[PDB]
Amino acid sequence: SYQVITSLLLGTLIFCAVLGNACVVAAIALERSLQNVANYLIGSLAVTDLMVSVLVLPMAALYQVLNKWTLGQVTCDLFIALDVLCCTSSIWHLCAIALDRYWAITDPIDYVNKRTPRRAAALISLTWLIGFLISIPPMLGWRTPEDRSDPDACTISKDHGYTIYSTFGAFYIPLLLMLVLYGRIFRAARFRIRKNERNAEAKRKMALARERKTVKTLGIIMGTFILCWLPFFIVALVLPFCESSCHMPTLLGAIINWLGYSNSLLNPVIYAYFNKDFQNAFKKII
Amino acid sequence: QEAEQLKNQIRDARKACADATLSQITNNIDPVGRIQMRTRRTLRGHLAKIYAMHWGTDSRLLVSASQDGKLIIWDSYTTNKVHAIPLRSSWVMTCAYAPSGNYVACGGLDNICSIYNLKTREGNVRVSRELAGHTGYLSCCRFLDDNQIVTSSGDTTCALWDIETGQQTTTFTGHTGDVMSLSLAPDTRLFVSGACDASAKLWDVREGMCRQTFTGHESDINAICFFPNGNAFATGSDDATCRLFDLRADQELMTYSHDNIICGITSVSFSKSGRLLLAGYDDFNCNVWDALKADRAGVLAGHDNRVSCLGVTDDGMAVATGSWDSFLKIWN
Amino acid sequence: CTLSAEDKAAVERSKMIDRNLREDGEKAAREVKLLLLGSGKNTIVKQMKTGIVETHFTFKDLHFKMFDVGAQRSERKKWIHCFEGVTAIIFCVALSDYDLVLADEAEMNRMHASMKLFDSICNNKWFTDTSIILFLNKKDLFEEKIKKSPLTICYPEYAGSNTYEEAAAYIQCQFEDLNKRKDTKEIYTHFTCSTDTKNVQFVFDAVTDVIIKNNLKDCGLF
Amino acid sequence: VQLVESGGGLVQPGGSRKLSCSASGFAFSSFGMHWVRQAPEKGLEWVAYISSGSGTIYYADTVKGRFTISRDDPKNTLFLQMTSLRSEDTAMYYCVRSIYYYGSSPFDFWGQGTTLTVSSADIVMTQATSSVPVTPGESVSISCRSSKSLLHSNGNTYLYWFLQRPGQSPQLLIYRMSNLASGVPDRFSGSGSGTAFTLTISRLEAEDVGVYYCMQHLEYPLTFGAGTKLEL
Amino acid sequence: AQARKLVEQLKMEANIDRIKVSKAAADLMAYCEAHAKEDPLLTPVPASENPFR
Ligand SMILES: C/C=C\C/C=C\C/C=C/C/C=C/CCCC(=O)O[C@H](COC(=O)CCCCCCCCCCCCC)COP(=O)(O)O[C@H]1[C@H](O)[C@@H](O)[C@H](OP(=O)(O)O)[C@@H](O)[C@H]1O
Ligand SMILES: CC(C)CCC[C@@H](C)[C@H]1CC[C@H]2[C@@H]3CC=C4C[C@@H](OC(=O)CCC(=O)O)CC[C@]4(C)[C@H]3CC[C@]12C
Ligand SMILES: C[C@H](CCC(=O)NCC(=O)O)[C@H]1CC[C@H]2[C@@H]3[C@H](O)C[C@@H]4C[C@H](O)CC[C@]4(C)[C@H]3CC[C@]12C
Ligand SMILES: COc1ccc2[nH]cc(CCN(C)C)c2c1
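For the protein sequence lines, the chains are R, B, A, E and G, in the order given. Letter by letter, the first sequence follows residues 34 to 228, 325 to 415 of the entry's author numbering. All residue numbers for the second sequence refer to the entry's author numbering, where the first residue is 14 and numbers rise by one. Letter by letter, the third sequence follows residues 3 to 40, 44 to 54, 182 to 354 of the entry's author numbering. Letter by letter, the fourth sequence follows residues 1 to 119, 135 to 247 of the entry's author numbering. All residue numbers for the fifth sequence refer to the entry's author numbering, where the first residue is 9 and numbers rise by one.
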């Protein structure tokens, strides 16, 4: 009975993610009114999330329902590499969207003159290149004899150097850069907003409301990103150096692992559905 | 003193001639039925709001103008752009195609209706002459001959131009409000112009005086087109209605409006038979009206912004439409 | 292929025209469109540089195209929509003109007419989210005239001193009160002719702030 | 509007030379340019074609490879480099402008021409009479035949008529089998069937003496007819 | 005086003969029915001879 419920829940989550990403991509494509550098990055992120949902999640769901891998070593390696590549691409797409927002906010001259879709294309290419560099090492090298020693259940490489490098370049460096960029954006917004008495009081109320709105937006974005992708990389970093001591509980580990797929599902919701232009386009089409 | 009694006499005379409305006569006419209008060609390339377009006499070439500063001539069959003429003033409000197709006119928020020669041996399209005789924005410039063009301006007066001389042959100052559109009769002997004063006047090219005036509309008239027979014309206004006027009956014949429409009209046109009235609207759509029964025979959707201009081919094959979305679509 | 020899060349010409149009549109996009309304308009244009007049000026890597209506006395309601999407609206008013009546048997005051025009433009449906750059010109003459003719003649309900600073502040407050959509747009008010180069600096600062605010709004941060 | 060829001369066997043609008085960039060769005492022959913007380039089967065509839009000039010139290449080359759009008149202007001396499903156009003795004031009809029907599915018939008077470059008379080229008297008329065509002249003038040539533009491998040489 | 021009233009009241509106409507409908077959928009022409398909 537990296996059936697990399969139903995983299938529902995958279907919801696929539907959301496909809707975002269709809205961006069929209507050339949301074609912008930031919107182009959002669409690329949606495409990456759709690839995650359609390619790796069903394989991951099968790996979880049956509790064992029954497809072979080659398929296991391909699935692991694809999942790592796509998740890294999604994280770096979030980082690139943050960087684009920061550049637009703090560099209006560049926004007006030097910002073009080629910038979005270059950012997407850089993100995919970083993802490929993260996912290639397990193929060309590493994967010591101890790794994948049990064909029944294959596990990602746990080499200290590889695990630290991958975790860093996939979450910590993107996390630090995103935090710095959003802090810069927050200070810029604070400066701009801060920059007969009844009118002054009304202006003060408006400024407080705008400050609360921006704080809420930043908090929502950062809370989702952290609460999803932080535990996974924390465990991926601790367990390889805590093989002897840590027990690696199954339920907690599984939930932490699926937090990343939850973030992949949620990213379109935060970045497009909340966006005014995207919701207007959906209303017009629907 | 101030012609107090003269105003009522014309109204009484016009009222006395009303015996039967158009709708009553056309009761026995079978309904046209819904027309399955479908876009066959989508024209892209304009990057700003297109305001005017006009068909050529060959029924295959049309010209369009946009606020991006470009005047484009389209090959309707193959969608091949014939010419791309950069407008020196990017505020075009109207454009036209000469009956012979040799010349094209355009007018904008400037007071100059420029004439372009499309058949120059130099190949490059050049401004044949600049007609700077108006004091307001030009609303409509229309060719009668290769040498004569009539213009409409926001200064509330139209002007007949002898292009070779470059001077206004005749001036039509009867309008008190801004004239927004101009339509020539099939014979080109007379033309009708609509104005923001919610009235339309009949102008004679040769003599240059207002033979008659029509005041059915309750708001600014935006467009007018001549019925194919040439003895009637249809009006378009911000009143969200279209009205049919007869030059010989002197009175309004019928109106085209629906409660679901609450926005102004941008353009109007007729088919060869005259049974269909193609009208643009601010609701991003064009509604086809039964000219003899005022029934909406169809709707031309597919525009993401206000429909600014439309027109029917001389051969009666397809109708082109233009909208602020910068897309022109051919419907058949 | 079904196309003939000439059809392929026609398609080639059409796509060349497409490339040229796209290039020209991209070039035109990277430029700031400013609508100017108003009153010292000629003086401001001279210091910062029969139909609509176009003025081109550049200030520190940013290109501005200014579209002075050129005394278009025709129906403004019929062509104002042509400027939908302009970055900002420049409005010029002469402070010293609180006494003029614009003839017409003294049925109007130029200050009242300017206020009415400002209200109409600010509340215009085509400029819901368009910033307004308000310039108060001829401050020297205004100061010289208030000392000999109190501004209470223009504002019967105004009970205050006739000093330059207080009158200027009251006029600015009156003009800004006309904004019935204060949240959507901000009014950048400046007193000009301190030196010829300050007006362009204020225009640049206002445009930069408007762009930044729009970018923040797109991201939901403002 | 003017076109001026250059680069003529005498070439040794297997030699190489480049012909040039400058353009003035018209938008060179917007007009496609053709090279038409003509061996002495022989008819014309299309050499190469370069479309506006250099996007499309076509060559004849007998000139492809060793002959290349390039255009310089900034300088408004045309070039035709030649290599491995054969004795058969002895001919005079004429440059022809052409702009392709509905209602246009391709091949409506021809250049001065330059002399040059050395040492497969193509539609064949044949003219019944190489020479036709006539007198002024008498209507003259010139007939031609095409191996492949020139009526295209689009509804247009791609037949061209050219006149090359003694000591003059070819001049266009008819370009779509029904349309009269600009700068020509209305006397000339054009009509024909889907494969058969003729050039009927209402009345013959002194300046009409010359050799009349025909072309098909249904497909680019253009072929010239023998040529009808009128004499008085 | 504009009245002198106005009366001369108003002389159209007698310068022109008139026809009843009923006859005009009859002629209009007769023309419409006579040329109904010649209007592609009124009668959708087959795609075989349609240049736009
Ligand atoms: C402290 C005390 C204790 C309490 C504290 C703890 C708990 C607090 C909880 C706080 C609430 C968090 C969520 C906020 C919800 C909310 O308020 O949203 C409301 C309606 O919108 C929807 O709900 C959107 C509804 C539809 C979304 C799509 C989902 C359905 C389809 C899914 C995919 C499958 C497709 C079929 C109001 O809308 P909003 O103000 O939230 O919208 C803003 C959004 O939050 C910003 O993110 C966004 O910025 P962006 O990042 O650049 O995009 C802004 O532009 C703006 O859109
Ligand atoms: C932001 C919204 C969309 C919430 C996040 C989605 C949840 C519905 C997902 C995220 C993590 C998922 C869990 C990931 C892994 C597991 C372990 C597994 O269940 C078990 O406990 C069996 C195996 C074991 O006990 O070891 C299968 C279902 C479950 C609970 C999943 C149920 C669905 C969860 C809670
Ligand atoms: C979905 C994956 C294949 C990976 C995939 O989707 N590739 C294409 C892509 O990613 O685009 C699974 C689905 C069914 C699997 C196969 C079936 O389970 C049958 C069979 C089972 C054996 O244990 C391993 C081989 C073999 C033949 C499996 C190979 C991997 C397959 C094909
Ligand atoms: C070293 O462990 C890592 C490092 C980087 C990574 N990126 C994506 C994943 C796994 C993909 N989902 C299952 C979370 C991952 C693991």
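Hints were generated in silico from the structure; no laboratory data involved. Take the hints with a grain of salt, since some may be wrong.
[What the hints assert, rightly or not] Simulated pairs of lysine to any residue, SDA-like, Cα-Cα distance not exceeding 25 Å:
#, chain 1, residue 1, chain 2, residue 2
1, R, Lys412, B, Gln22
2, A, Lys257, A, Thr48
3, A, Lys197, B, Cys276
4, A, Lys10, B, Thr55
5, A, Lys197, B, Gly190
6, A, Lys257, A, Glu298
7, E, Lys75, A, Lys197
8, A, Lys248, B, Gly190
9, B, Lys62, A, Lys248
10, A, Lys209, B, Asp296
11, R, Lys332, A, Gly352
12, E, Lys42, E, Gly53
13, R, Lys412, A, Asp261
14, A, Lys29, R, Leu214
15, A, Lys277, A, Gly40
16, A, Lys330, R, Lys412
17, R, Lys228, R, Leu214
18, A, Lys257, B, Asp200
19, E, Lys163, E, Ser193
20, G, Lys13, G, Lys31
21, B, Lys285, B, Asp317
[What the hints assert, rightly or not] Derived coverage of chain B by chain E (criterion: at least 3 residues anywhere in the stretch with Cβ under 8 Å from a Cβ of chain E; other residues may be distant):
#, region
22, 85 to 97
23, 119 to 126
24, 131 to 144
For every residue, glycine included, the Cβ atom is placed at its ideal position computed from N, Cα and C.
Structure versus earlier hints - violations, ascending order
Going through the list in order, the structure violates hints 1, 2, 3, 5, 6, 7, 9, 12, 14, 16, 18, 20, 21, 23 and respects the others.
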